[PDB]
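Student: Could you slot chains B and C onto chain A? The hints should help.
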Amino acid sequence: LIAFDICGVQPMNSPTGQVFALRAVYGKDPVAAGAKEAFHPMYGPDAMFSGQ
Amino acid sequence: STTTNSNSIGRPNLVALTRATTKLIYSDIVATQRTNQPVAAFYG
Amino acid sequence: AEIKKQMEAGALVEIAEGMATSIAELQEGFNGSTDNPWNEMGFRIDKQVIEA
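Residue numbers (my numbering), protein chains in the order written: chain A, 21 to 72; chain B, -11 to 32; chain C, 633 to 684.
Excised from the complex, chain A in its bound form:
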């Protein structure tokens, strides 16, 4: 076997658990259509957001 050398495990201590995730979001409303992710890895930052 390949074991799980190539996967996360995070074993459960209760069936059917869940995972949370945090996105930093700019554009006043963190929950809005079109709001943007502050640290998205593919998309660059709005270099002028805090400036001009």
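Hints were generated in silico from the structure; no laboratory data involved.
Using N, Cα and C, we set each Cβ at its ideal position, and we do this for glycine too.
Hints may be right or wrong, so weigh each one.
Residues from chain A shown here face chain C by an in silico Cβ test under 8 Å; the list is partial [to be verified]:
| # | residue |
| --- | --- |
| 1 | 32 |
| 2 | 35 |
| 3 | 38 |
| 4 | 41 |
| 5 | 72 |
Tutor: Structure of chains B and C alone, referenced to chain A:
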């Protein structure tokens, strides 16, 4: 403008657990003594 | 694609810039100023559930 509308929650606090059971009152109602045989016989 | 062509061709050039002190200094109504809010940001926090 992050508010409680944004935050997601893991699970609730149970706070309490209740079981609905009959208060069983028979000990104070029936005189009794264990039988050690398949049949009991009382004397009048 | 068209924007990238103009960008590559030098017609459009990436730029970023800071803000004049005279604007930033009174941002949010200082000295009786008006219609000058700050840019704002936050975070969200969402979740995924896994069935066993």
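Student: Are the hints correct? Go through all of them and say.
Tutor: Against the structure, the hints come out as follows:
no.: 1; hint: 32; in the structure: 7 Å, holds
no.: 2; hint: 35; in the structure: 4 Å, holds
no.: 3; hint: 38; in the structure: 4 Å, holds
no.: 4; hint: 41; in the structure: 6 Å, holds
no.: 5; hint: 72; in the structure: 4 Å, holds
Every hint, counting from the list given before, is met by this structure.
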